[PDB]
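Visitor: Listed below, chain by chain, are the residues.
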Amino acid sequence: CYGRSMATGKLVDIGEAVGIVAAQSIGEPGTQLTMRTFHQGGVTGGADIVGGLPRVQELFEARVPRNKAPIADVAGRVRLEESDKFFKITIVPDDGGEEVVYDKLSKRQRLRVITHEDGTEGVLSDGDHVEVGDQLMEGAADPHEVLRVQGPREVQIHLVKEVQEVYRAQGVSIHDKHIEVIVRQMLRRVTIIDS
Amino acid sequence: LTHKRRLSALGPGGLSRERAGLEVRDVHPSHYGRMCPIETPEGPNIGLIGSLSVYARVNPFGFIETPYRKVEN
Amino acid sequence: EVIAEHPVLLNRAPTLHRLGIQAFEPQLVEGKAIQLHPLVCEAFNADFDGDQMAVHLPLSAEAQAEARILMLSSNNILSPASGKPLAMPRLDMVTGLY
Amino acid sequence: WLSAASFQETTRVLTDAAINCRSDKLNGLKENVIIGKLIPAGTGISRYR
Amino acid sequence: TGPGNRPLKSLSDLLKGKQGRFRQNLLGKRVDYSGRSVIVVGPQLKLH
Amino acid sequence: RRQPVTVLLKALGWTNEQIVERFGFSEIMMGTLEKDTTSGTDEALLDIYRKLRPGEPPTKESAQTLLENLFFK
Amino acid sequence: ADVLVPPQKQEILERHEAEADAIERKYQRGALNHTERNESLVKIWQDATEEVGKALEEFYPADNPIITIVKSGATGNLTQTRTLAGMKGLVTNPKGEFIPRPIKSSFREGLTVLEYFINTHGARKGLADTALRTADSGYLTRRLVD
Amino acid sequence: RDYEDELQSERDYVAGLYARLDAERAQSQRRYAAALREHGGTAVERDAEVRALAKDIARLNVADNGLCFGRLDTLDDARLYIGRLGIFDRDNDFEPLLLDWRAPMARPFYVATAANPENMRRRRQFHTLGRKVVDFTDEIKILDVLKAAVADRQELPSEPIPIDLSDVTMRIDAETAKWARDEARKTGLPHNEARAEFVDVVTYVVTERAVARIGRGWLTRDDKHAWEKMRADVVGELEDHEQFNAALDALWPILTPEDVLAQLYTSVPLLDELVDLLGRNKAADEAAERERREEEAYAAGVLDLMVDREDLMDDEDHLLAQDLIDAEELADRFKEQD
Ligand SMILES: [Mg+2]
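Protein chains in written order, with our numbering: chain H, 1499 to 1693; chain S, 5 to 77; chain F, 826 to 923; chain W, 50 to 98; chain C, 107 to 154; chain E, 40 to 112; chain B, 1347 to 1492; chain U, 1275 to 1612.
Warning: the hint list may mix true and false statements.
Using 27 Å as the maximum straight-line C-alpha spacing, the simulated DSSO-like pairs for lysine-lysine come out as follows [stated by the list, open to error]:
| no. | chain 1 | residue 1 | chain 2 | residue 2 |
| --- | --- | --- | --- | --- |
| 1 | C | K152 | H | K1508 |
| 2 | B | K1434 | B | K1417 |
| 3 | U | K1460 | E | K74 |
Simulated restraints on C-beta separations [what the hints assert, rightly or not]:
| no. | chain 1 | residue 1 | chain 2 | residue 2 | range |
| --- | --- | --- | --- | --- | --- |
| 4 | H | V1598 | U | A1470 | 35 to 43 Å |
| 5 | S | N77 | B | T1458 | 22 to 30 Å |
| 6 | U | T1411 | H | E1580 | 13 to 21 Å |
| 7 | E | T104 | U | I1416 | 49 to 57 Å |
| 8 | U | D1523 | E | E73 | 30 to 38 Å |
| 9 | U | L1586 | H | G1544 | 32 to 40 Å |
| 10 | U | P1543 | E | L109 | 53 to 61 Å |
These are computed hints drawn from the structure, not numbers from a lab.
In this text, a Cβ means the ideal position worked out from N, Cα and C, and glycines have one as well.
Build the full structure now, drawing on both the sequences and the hints.
Guide: Written as structure tokens, this is what we have:
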């Protein structure tokens, strides 16, 4: 499962300390990333987020992102409802019954832009189609919400992709297997409700 | 020579060596003519320790003052 | 004669990654400075403008074999992080071959 | 608990371990170095040792 | 406090703070058969 | 602990008439004087002495002496 | 003799100074507040710096040592070459915001007294920041290893 | 007839503004991505440019919809468009195409009228849906009781409250409750939040009297050590006293909408609304302090992990992170902050 050892170029050997190597590889380029402001005086730097070590911390610690964005619980046609300054979205399933609704969305945040090159439309509008777990706003999703909507495998992939994108946007190159090894430790426990 | 004319910002009644990060060791626009803004130790005491400028003498009260040329008309 | 074929570990703190400690075969040289190969500098992240290295000596047979095989510099060309070569031409060499 | 006491409140961890009378198996890197045993990784595993 | 104005460090005061076991073992100890020295560039050396 | 400014003014020997005649520019201080419950200068000294050290008995003479000792010596 | 200064630099500086004068005039008209005036000046001067860098890149011969070192990948980057032979550009005040007035003089020409003094702010700030930069990196590394 | 043509012309101009708005954002995003990847400058310079670009990008994004509010016409006939951003034409001496509503020049949009002619001609207001203009207009009781009922919870003792301390028989009078209540109300925090101020004021006043009364004639000039320790010791015992805790519970105690509402009537919208007024007090959040201590205990180890100055092997003795940030700041650095 691990694959070839990047140092030797062949299949990893039994007894390899994969965890320490992964941790060191992740941490060595940490100083090359953008970092939150050091000025004690001024204003809080959380609002002026920068995609670096703060974002890596926000992902690894499995916290709720400050600029949280919603996701689609059930796939279906999306109806966008405008209001005075807020707006509401409702997804009606094409293979189901009741329709889910999100109403705390505000016009102050840009809507998720369809990234398809040929489509070119950008922001999703009324009458569009989305799948389960699709993001509906521009920002960062909630890992807990992703785990609730989908299986444990999906949330792990999402976390790996987010961390890898954060590290790659600044020129640091790290293989995905180290990120996967780090993430795997976050899904090793199951909470028991009743005995 | 540099040691004798040194301006330390620590000691009895001063700031700690583990405090005042990037708030008191920054170059204020008032150093000009009273405290050299380029020459300072690179060790723990960066910014906290500096040197007096060439043209500067301490006011009897204890305020560093610098000379200037009067301009009229 | 005794020093022959006796690996010695060289370290440059901080050891941000495992390549910060590497085994080399020592050769006696007159002077007071340790001669370091120009290629491994990137692995150690050091420049010859005052940096110093720490030297450690394995004693037991197991330790000597470990330094000779696992930690030998010649066997650690590629970076364990991504596999991209790390002991490659740099600065002047790049200007030469170019 | 031997590894937990490294970065947690030592008194609390030790009290919780003593009251529970639970034993720590020396599988890992943090605890083995403290005991002085060779780490159970690389050349230190029973397969090669 | 005893003499001075500092408390006496008791048994649990050990192996609990910045000093004492469960700590100061993961900070670094000194070893024999070791040395330190400045470095110079050797272009005549082989990679090993 | 936060105290009205008018209390300090009265303690020094000010009265409502003089305060309302001189500090007639800023409205905030007008509001503070409105909130003030002290009537005479003597009460202000006694109130300050009680608030400072409630444990000791409140007397006008010691109240004035402490404030006189605090900064005016 | 190898540090060549592009002849087009003066035209870019003059044009962007005229644009900055226009921005100041509009600010006097009340159409701009202080912060937006500063932002517009910063954008204008960043564009000027980019243009000067492009002119320098297109002026230097391919065989010049200074550009040969950077182009071969041996070391350095074209921003440092622009600073050495082009113009320093905007610098940061201790608070952390760009000063609307940039540094026109190149280090080859030699910075003046005021330009040097305003430049010292960023140097001191960075030399103080370089050590505190490693604290959070080590914190994250020791989390990751634990 | 011309309304359809006028609306179409306004539609085109708003589209023209969005053309500049999109172009500016694309340029900023390219700069922001380039700065993150290959800035090549100093770390401070890299961060400063990145922060400005990231801040600028957010500024444009917020105005991506409803950019314009209306067009103002002055006696000079100048087209003083009003919107959420200040867009100027660089090719035309930075002539303002769209003024910001906060700018002084855009003042008459709100402080001008036919009765107050601040050199203003016809004034228009836009009605918009999405990134396009739809139309335009042209011109030439129980809530107070609920709070009052909540205030009634902050009563005062009918008779002096005897603390019955371990050594000194302390007493609490109506003045102390009155003074304590005044500070709690001044802060303006909810009843559950104001409890801390009330407790602190009540505890502080009682503690001071006990400290002096206990040592009356024995601790008067010995302020070297017997001036602050006793107050802390009395505070620790006082906070644990059962009678003192009940006395605080007698007046201005923890209240809930159900208990409060029932008592007011027996003396849904209100229940949910009253929750905000009631708020939360974070009663004895000891666990949070334990997490704080754990995090602080962690950071001191992190700082100790790093190289000390005892044996440095760098070219020159440079500053270290141990000389700028302490354990508490490093621990507080990574808090939730949400
Ligand atoms: Mg060096």
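Visitor: For each hint, tell me whether it holds in the structure or not.
Guide: Status of the hints after comparison with the structure:
{"no.": "1", "hint": "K152/C x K1508/H", "in the structure": "holds, 25 Å"}
{"no.": "2", "hint": "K1434/B x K1417/B", "in the structure": "holds, 21 Å"}
{"no.": "3", "hint": "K1460/U x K74/E", "in the structure": "holds, 12 Å"}
{"no.": "4", "hint": "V1598/H x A1470/U: 35 to 43 Å", "in the structure": "holds, 41 Å"}
{"no.": "5", "hint": "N77/S x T1458/B: 22 to 30 Å", "in the structure": "holds, 26 Å"}
{"no.": "6", "hint": "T1411/U x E1580/H: 13 to 21 Å", "in the structure": "holds, 19 Å"}
{"no.": "7", "hint": "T104/E x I1416/U: 49 to 57 Å", "in the structure": "holds, 55 Å"}
{"no.": "8", "hint": "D1523/U x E73/E: 30 to 38 Å", "in the structure": "holds, 34 Å"}
{"no.": "9", "hint": "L1586/U x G1544/H: 32 to 40 Å", "in the structure": "holds, 35 Å"}
{"no.": "10", "hint": "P1543/U x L109/E: 53 to 61 Å", "in the structure": "holds, 54 Å"}
In summary, the structure agrees with every hint in the numbered list given earlier.
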